[PDB]
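Only a single protein chain was left out; the remaining protein chains are all shown in position.
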Amino acid sequence: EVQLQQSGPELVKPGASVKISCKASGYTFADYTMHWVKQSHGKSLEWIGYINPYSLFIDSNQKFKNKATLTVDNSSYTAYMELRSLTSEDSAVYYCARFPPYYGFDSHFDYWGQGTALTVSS
Amino acid sequence: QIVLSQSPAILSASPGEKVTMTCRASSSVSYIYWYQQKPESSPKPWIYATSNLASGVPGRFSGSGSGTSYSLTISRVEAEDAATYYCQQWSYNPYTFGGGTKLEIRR
Amino acid sequence: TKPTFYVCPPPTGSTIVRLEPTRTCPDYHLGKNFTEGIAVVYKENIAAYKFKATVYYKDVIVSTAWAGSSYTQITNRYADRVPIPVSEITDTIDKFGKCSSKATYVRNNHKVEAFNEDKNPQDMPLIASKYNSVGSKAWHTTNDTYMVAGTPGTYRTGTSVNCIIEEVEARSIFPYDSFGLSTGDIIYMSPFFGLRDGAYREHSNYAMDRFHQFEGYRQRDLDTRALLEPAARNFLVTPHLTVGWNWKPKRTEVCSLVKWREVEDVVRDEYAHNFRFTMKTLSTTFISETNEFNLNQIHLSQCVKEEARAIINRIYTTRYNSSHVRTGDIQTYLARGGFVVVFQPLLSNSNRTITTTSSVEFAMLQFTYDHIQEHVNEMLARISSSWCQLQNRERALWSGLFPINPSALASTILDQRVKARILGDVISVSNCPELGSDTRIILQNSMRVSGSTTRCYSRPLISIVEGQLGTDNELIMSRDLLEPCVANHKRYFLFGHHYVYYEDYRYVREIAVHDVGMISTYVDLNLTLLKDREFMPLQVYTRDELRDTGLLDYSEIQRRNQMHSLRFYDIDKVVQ
Amino acid sequence: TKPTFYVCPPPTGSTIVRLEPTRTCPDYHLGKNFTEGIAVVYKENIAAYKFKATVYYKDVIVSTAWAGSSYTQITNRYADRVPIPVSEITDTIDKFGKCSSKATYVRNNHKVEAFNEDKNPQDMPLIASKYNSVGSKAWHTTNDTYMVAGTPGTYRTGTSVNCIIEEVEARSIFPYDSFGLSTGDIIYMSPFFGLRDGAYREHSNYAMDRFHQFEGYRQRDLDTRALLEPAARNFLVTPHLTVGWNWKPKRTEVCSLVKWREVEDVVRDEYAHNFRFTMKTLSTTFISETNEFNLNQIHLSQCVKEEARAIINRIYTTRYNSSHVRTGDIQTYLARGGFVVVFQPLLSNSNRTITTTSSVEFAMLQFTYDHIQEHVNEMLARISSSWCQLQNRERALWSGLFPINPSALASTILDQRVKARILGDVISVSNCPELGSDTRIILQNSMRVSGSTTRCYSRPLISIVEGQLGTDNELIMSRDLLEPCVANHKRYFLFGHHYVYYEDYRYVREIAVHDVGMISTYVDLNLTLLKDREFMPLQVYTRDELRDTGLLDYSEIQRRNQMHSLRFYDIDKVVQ
Partner (left out) sequence: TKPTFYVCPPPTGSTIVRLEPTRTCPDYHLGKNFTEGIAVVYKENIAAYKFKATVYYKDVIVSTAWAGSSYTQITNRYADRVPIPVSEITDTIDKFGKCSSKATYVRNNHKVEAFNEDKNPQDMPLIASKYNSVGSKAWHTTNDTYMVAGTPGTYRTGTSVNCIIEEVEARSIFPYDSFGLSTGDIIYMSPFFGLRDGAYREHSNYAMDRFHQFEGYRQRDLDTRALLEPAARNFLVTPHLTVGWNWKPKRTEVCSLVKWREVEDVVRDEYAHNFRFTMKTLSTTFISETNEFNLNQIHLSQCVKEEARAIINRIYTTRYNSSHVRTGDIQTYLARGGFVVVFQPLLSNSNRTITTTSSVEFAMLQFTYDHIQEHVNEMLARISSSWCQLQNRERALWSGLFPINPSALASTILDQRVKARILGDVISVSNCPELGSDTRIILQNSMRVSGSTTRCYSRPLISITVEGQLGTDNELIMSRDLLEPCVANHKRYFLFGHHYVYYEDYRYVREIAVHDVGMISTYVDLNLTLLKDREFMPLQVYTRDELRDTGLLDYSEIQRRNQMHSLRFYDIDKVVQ
């Protein structure tokens, strides 16, 4: 069915960069917005931003206005989230979630990724 | 930055009875949602549009509320429900999830 | 008539008068502590909120023929307008520029399809209608309409489906919870409705299955075959059509107050608990009580203050740059009659809704009266001050001249022939009554003292009592006016109504009064009053002429169409 | 320049004058025989007579579906509104709150029945609508609509009958022979048509079999399930619905005139065949003719004398209780412009239709002009009276001073340098010509008599002719002005444009005229004219803005609907 393959675990030195993919399979990829969240270690859930795969429209949470950037591979139907200027406090399980383009009442995060996990240390 | 307070932090429940959960909003929101997450797993789409049960949930669940108050009651609490229930909204940029609750059986 | 003569008795020193002291001159303290500034006047906005939208509908027509013997009668034509669902708008119309031939919709709580020409569906391209002048755009798919005949004696059934897109001009009035289109369609939703940023608070009547909201939606322009700029677009599925309009927030679109007339130079006077914003270029005067008026009492009054500051700072720059300086932030007053006066003062180098009346000629009168009432009162003050200054200076003439001829001057004051004397520094008077009838008045002949040639009289002797003449028909009882008897003695004397001329102390003749010419000490002043008027009710257009400008009248048409069956059919008879 | 000199010849006794006598002072007897009172002004009623009614219509829809292979198409949908027969209102709705399921009605002069869902008829109850706010209430029976599909390739046909009762707002204009409902259905009957009080004579187009008047009838209030109070309630069976309203007689409901403004105090003036109703609280003046106005010339004038007695008896009670008493019954004046002024006079203790103009700014101008014209005429009357009194008192100063220096005084009156004498009681004048060029004038030094010491001149000597100097450039030809020769003789004299100082009868110097300072007997008066103005045609709202307040414009919708078949279909081609 709908499946969201995700880039899997990753350890990284501080100050570096990463690029987490969320590969989709099971639907026509070009008309479903792809979001991103952050769940810290035992903490709550925080929205990040999304990208429309058709029109390349982007929103983002302004608390994450500089940490992240988003892009979409048109060919393999993936959504990349690249993080620049890492810190230690980003040690957190991330997710990607599908969401309709229209804000209707039938619009919720109906399919989630399995959850990549990123840690920042040396 | 619309904070959504799921009043009960940990809701204990002897298996069989009914319980309740509140998501309290700072300013109003048209539609609060709900998402649960069993631990070491991905969250699951659980209640959309404040009363519609999701495709593939038990009918014992019931979410309600409007304005700034939003409720969530299980009719008969089951031991298969030890989840982490988040309340969620997209009415204001940025989308904001609740603090979350955590069910407990009594055994 | 009979000539009047006066007899003055010897004056008794009883009655005593002095000349009234100079009166103090009144000072009309006219002058208003005023304040000049710049003002912008707002009025109630009554025009409907106009914005543009787009309807999306197909057009289903079912025709039922009946092939007769040699003709083709149509027994039915059911026409309907069905909405295009928004999955088809975003995937077929705005992607490519086509529209499907199958019409999927819902009537009577069922899910219904219909096919153009009963063929298989195709995505037919949208074609611009032939009447696309600018101002009314449309795009259809099919110039045709389908029906078939069949064999004689039978019925057939065709179906035409024609995708239609129209630009419209939607339109909404206060309190902005419904908007009507250009196709006669009421949409029961505020134009500012939406699911984000508190817009769900707005009024709606449709179920929430129907609303759909996009962001960054690049709408296809069907003419140039390109996409427009990104904007947030709504879509709503009525039971007959699909409205799509670009969402815009309420706060920057509607406004209760709209600009009426900016004024470069007002003057803010001050009466008892009222201000006066005299606007001398517009010839208009508004009146507000001395409080401010907080516009937060008014629904949607958030475009007045900020728009006013952008205007006043233009005027203070472009006119009052070097001449004046400001005196604090702008002030908001509610003028009488429903006007809102935003007023920035200057200085030289030395909830509810406001209802505005439909005529400002109460306020042109308030200026026109105050321009006259200020000017007339100023001139009438200058008369009274200069009148008082004149009379006070005139008093010194009177008091300076009373030692010369006391009686004649006091007679003019008391309106009565009196006989005054000066007893030092005062005036002692005595009345002079008329001399009655039955008295013989004999004028004498010579003015010479008998015997003494060099001594002669001064005014003529009379024979009543043997006295002499006074002056202004006064009759002296004695004969004491004497003088040196001087040659070339040529005198006249007023007597009755005849000047009697004497020459060399002897009578010569008399001559009437009006024979003697006059010189005029009077100074003329021909002041003339104002005439009465009747101002008629002059009306440029009657109320009938103001309702006679439309092409159709809805009540007039319905009074004629809704008696159609009464006029042209007998509805009373029944058939058994 | 050359200084101008004057020579007075010795006066010949030809010309004689006498000072003009006092002029009579005009009395501007201004004042109006006025009569104050209490007035109530009525205007033309233009509002539609609004009352509330109740339609009772079933709703019959027949839907025909063609079951296709994998879909369903609705071939026909015939919608129709049929009236509830008035037996069914009185016997089912108002008895049980139910409406039957069978629809019995008449179309095409036949008797036609139709059933909801094609079942047997049931008395289904009446359910309130979901949008029952206040002001718009309705009830119905069925939220559904019936249609069936059938086996594929076939046609099927279903029927939905839906009883509907609405509280509407009926509406009717002059001459009250129609009333239009709030559902757009004109009813062709007066709202006052009945079977009692001759009201059966009222206008109607329907046959009398459709009308049903019931006295004492008790409408069932469908929400509270109770029965309302008895009142005579009409019922009319239109070919689409059933109007039912409460009957009320014509003379207590409509009225051609309605109150515009009560006035607590007026003033009735008395012009030539006119009255003036000065209303100083309103700043307004109405003008009539002196005849009364018989209100029976106007249709539907029953309200006025009834209602105005209720108002004037309130005001005369509450305000004029102690100070004033009436002077007869109220009166009725047709003021100019189309107003009706009901005037009750007071006194202190000591057929056609009226059409009223859409503006009272003539009458404010009638008041504003009259309030200035009254006042300015009053002040100008006081100027002319006090001027005339002044000049009469000034005559005694003139006539009393003429013995002292006649020449300078008579020169001022005549604007001409003359030489006058007093010949008793008259004045003999003589003209003094100039003395031009070709003449040298030798001013002397010694004002002493040559040889004498105690005798000296009075004014200095000139040598033209050996004469002496006079006053104001008079040159006396003799040398007669002598005097006792007084020491400390410091005198000045005007000489051309030079003041000549003598000390002890001898020359010292001269000095220019403007070197010697001046004192002013002139009293200043700075009167100032009024400026010229232009009054721009200032209008708050244009006629565009007044026609742009509606949600929909009927002519604008029809100019876009009625070319729908032109734009989107081809109507010229035919098919063989």
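What to note about this one:
Per-chain residue numbering starts at 1, and chain names A, B, C and D are given in the order in which the chains are listed.
Everything below uses one rule, namely that a residue touches a chain if its C-beta (ideal position, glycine included) is under 8 Å from a C-beta of that chain, and two chains touch if they have at least 3 such contacts.
In the complete complex, the residue from D:59, D:88 or D:94 that touches the missing chain is D:59. Across D:208, D:487 or D:527, the residue that sits in touch with the chain not pictured is D:527. When you scan D:2, D:29 or D:130 for touch with the missing chain, the hit is D:130. Note that of C:1, C:33, C:75 or C:437, the residue touching the chain absent from this view is C:75.
In this text, only the chains that are shown with their structure count from here on.
For the pair subunit B and subunit C, the distance between mean C-alpha positions equals 64 Å. Between the Cα centres of subunit B and subunit D there is a gap of 69 Å. Taken residue by residue, subunit A touches two or more other chains at 59, 103, 105-106, whereas all remaining positions touch fewer.
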